[PDB]
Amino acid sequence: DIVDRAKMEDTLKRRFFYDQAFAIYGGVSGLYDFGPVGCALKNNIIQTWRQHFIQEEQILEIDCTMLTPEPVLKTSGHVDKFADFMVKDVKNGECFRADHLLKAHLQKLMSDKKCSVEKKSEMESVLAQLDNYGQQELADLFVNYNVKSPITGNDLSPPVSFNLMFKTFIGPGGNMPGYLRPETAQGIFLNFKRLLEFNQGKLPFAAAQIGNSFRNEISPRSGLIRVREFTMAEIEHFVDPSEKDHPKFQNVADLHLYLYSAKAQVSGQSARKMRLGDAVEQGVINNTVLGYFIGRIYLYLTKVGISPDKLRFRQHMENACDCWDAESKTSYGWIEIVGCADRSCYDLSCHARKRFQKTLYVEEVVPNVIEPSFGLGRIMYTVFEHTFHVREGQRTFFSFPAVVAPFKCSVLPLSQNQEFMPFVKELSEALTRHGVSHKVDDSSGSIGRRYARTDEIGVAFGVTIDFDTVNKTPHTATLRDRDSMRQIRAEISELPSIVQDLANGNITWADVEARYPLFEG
């Protein structure tokens, strides 16, 4: 098994990382509220992202509106090329996703042990073309397989196209209908002219935006995986086709990562780990610019807490672009958490019919675009699942990296009493001076029971202040590690420094024990 999601979900809920929105009103499907801890984790995730991409690549951040008029999203194609198929129940109403009902129905009839082998083959011939059947072509499949409701069957109406955009109206009731942006990339396209001039009109530049996009899902019942309101991080990197080679690729070429190409998928071959440099050598990856971001993405995700042996890069097949999607193995299977797409002919030239880029040799250049889109809720949930562990005890802890954990350290004073506040106080300030997130724990119970609470929310380190720390005359406090649970004893003035180094990749815990005396119960 991948993970015990029932335990994981109970913990996520009990400690309020995220929970069903509008719970006291019955709760709305596809919508979630992130709590204090979830919010901390989330901001952390996002700031780490900011650093990794925006800062490293000098990207031009932009903040566009979510309210977009219909004309824009029509030039896009999004009124019914961005729809799903609904099948309505012929009388008592309920709506279902046609892709899903069909897939489920086939899998059902298929795993019946009184069906023919040639049926099984006919049906798989069908499941492998699901996302390609047209309106009429998919409608005939419903009849030819006698599909009906799944809760006591009734008949199902012919599948119709259902737009996934939230319809609204901008201004006084009138002639300006609009939608909530389905993606974040469009605003960047709309600002291509301004962004080009901001970059002095030079050829390669990247633009990013962090915000919420909306997808009116039909019947979402899979947690943060399928949601109607989600936070996204988009990047639009524009390149001259004539000069399509990233100068910083050498910094990533040495990485080994599982590549799941389209040809492997066609051949029915498995995932295949491969050195990135070699990947571009052998042509499994078209160019270094695409390869660079792939490696950068891999680095980002692994830094956030996603396990590399459950992380693969899958490339789709014939479903106008060379796309590589970062996928992670969860209790829901392999899901797309980050979509990176190399695109030559895209929606930018549509809004022009924004603009092009003139060169020094008087040449109008339509730049290609590499667009890595990060789905942060899924990324976050992947971290939850790859990080949730159960202890020897029945206790629970998240093994978040210190760079993403809600807060890096947690100080524990035994006494609420005074003479301690000066020690607690100075520790807090030194931590802050070192840029180390912390929170003073003031809960009621045993020290071990208090550390079990901090572990539950994934706090990386801990510094407990006992009586010897105040009285016994060279002031030393004890530092605990989340994972190992092992402890050491060091001078309280030195602790901020080593915790900072522990938070970064500077020193390891094995080094801390090497330099500092161990400590027990």
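For clarity, a rigid core is taken as the largest C-alpha set superposing within 1.5 Å between two forms. Residue numbers count along the first chain shown, from 1. First, how it differs from the form deposited with ligand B4P bound.
For the motion between these two forms, the hinge, where fit shifts from one rigid part to the other, lands on 165 out of 264, 62, 345, 165.
Superimposing on the larger rigid part's C-alpha atoms between these two forms leaves the smaller part rotated by 15 degrees.
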Contents of the next structure:
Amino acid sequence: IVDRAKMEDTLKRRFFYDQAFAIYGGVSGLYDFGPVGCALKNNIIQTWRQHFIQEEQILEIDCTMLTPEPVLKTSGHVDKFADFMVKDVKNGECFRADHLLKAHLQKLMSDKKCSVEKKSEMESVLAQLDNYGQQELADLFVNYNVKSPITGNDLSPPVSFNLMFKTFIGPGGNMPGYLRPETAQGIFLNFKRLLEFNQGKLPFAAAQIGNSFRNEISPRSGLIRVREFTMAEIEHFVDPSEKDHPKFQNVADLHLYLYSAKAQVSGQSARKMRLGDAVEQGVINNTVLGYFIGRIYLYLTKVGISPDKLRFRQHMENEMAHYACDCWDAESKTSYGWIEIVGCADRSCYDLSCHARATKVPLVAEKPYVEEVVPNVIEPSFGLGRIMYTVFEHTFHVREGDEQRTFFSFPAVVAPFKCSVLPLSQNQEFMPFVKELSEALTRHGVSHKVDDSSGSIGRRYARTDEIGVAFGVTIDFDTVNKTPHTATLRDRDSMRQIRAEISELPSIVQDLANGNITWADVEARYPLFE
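Please could you give me the other form, the form deposited with ligand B4P bound, since above is the form solved without ligand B4P?
The text that comes after this line covers the one chain and nothing more.
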């Protein structure tokens, strides 16, 4: 439960992000990231690089965004990559039928005049929205007589709208192209050279961290629905008969909420199972999928996503992506409800075969005399933007004070900068201490910034808390004149303080940020300071 309004005001005021081309009216689905937004975004990307690429020794490549039409036609995007769209016969307003129908039912379930039986009927309908096809969705639009949310007009029947941006490569219109809606294709077209890196053996994973474009019909979810974003995609090529991951046992003991396809059709809630158990019973197909689901859980959690607002939902029969057979999405509970922030599909051998057949170029591998096989690929897809937004709503808090101050309980690994060093005076009296502390923090690899802003220490930290700085060190006169020279350490979340010699604080902060020590531990060793 978060006050989106108040938050968007803080994120825009401190400039995490904001409307792109604001002075022109702004384009929906487009936003720019300010200084703190980039710092946070970079921390999230770097953390991701460590968690996956570095942890699994994934091969990295950087493919182009521009894509010639033939490529996307083969992958099947030109035909299936789209959302159903509607528009009132009056003017040309377009809406994503998928979501309009959802906002309409929620409207009816909110009206007190709604009976219990109908409320239930509608709930069952929403829990199957991603299944309904061209026709099924057309009927519901009639049964509920759905009409334009603005000055209720009559909506035309739901039709498919390809989400890919169109363009022309080079002069003339002989080579029409698109902006890649995902990165996966780039890795597939370079399968041979990539497979070659691993001696030609399976399994192995390739990844990409770049921009993708989706000409979203009607973006109205802030950063949740942009037409341009950064995504990290991992393509894990494995033997279709060796779909077993050697490291699964590393996450087999995690307890996370799973919402299987069955539980969705049988109308029951999601369960909090143990990964290992989930695979045993058959809920989660194999262990390769199970490993990544665990690593994903760990990543999102480490970055700041709340376990109580995180779950993995499996796709339904006809919800499947045109390229997948099985899939699980990491959805986060937000002010916009449950939304996927990480897609993890098991798109068998769809891709490699399509390109192989179309280009007349074989894309396979061998196994022991020797047999050739088309690697099944599990694709963990990360929408960094959505992941960051979720972090905002899950760590945004209002201080218990009339002044209505706000702060983000950002984990030390993602916060703009771990420590904030703020002295009272700037005279050559404090510099000797500020300089030393700063450099000391630098030797400990602790990002920091010397606060100069005007106002009382309390007001100084107020700004620090707004952008989620994890810790702060106050350097007052008792630090310069008294001896031993001690400074004040402040915990962002609790606002509680500590007093210790300014030469020891560096290592203390380091351990606090690296999770080697608890704020509790700190209060146990050093004297409290109010």
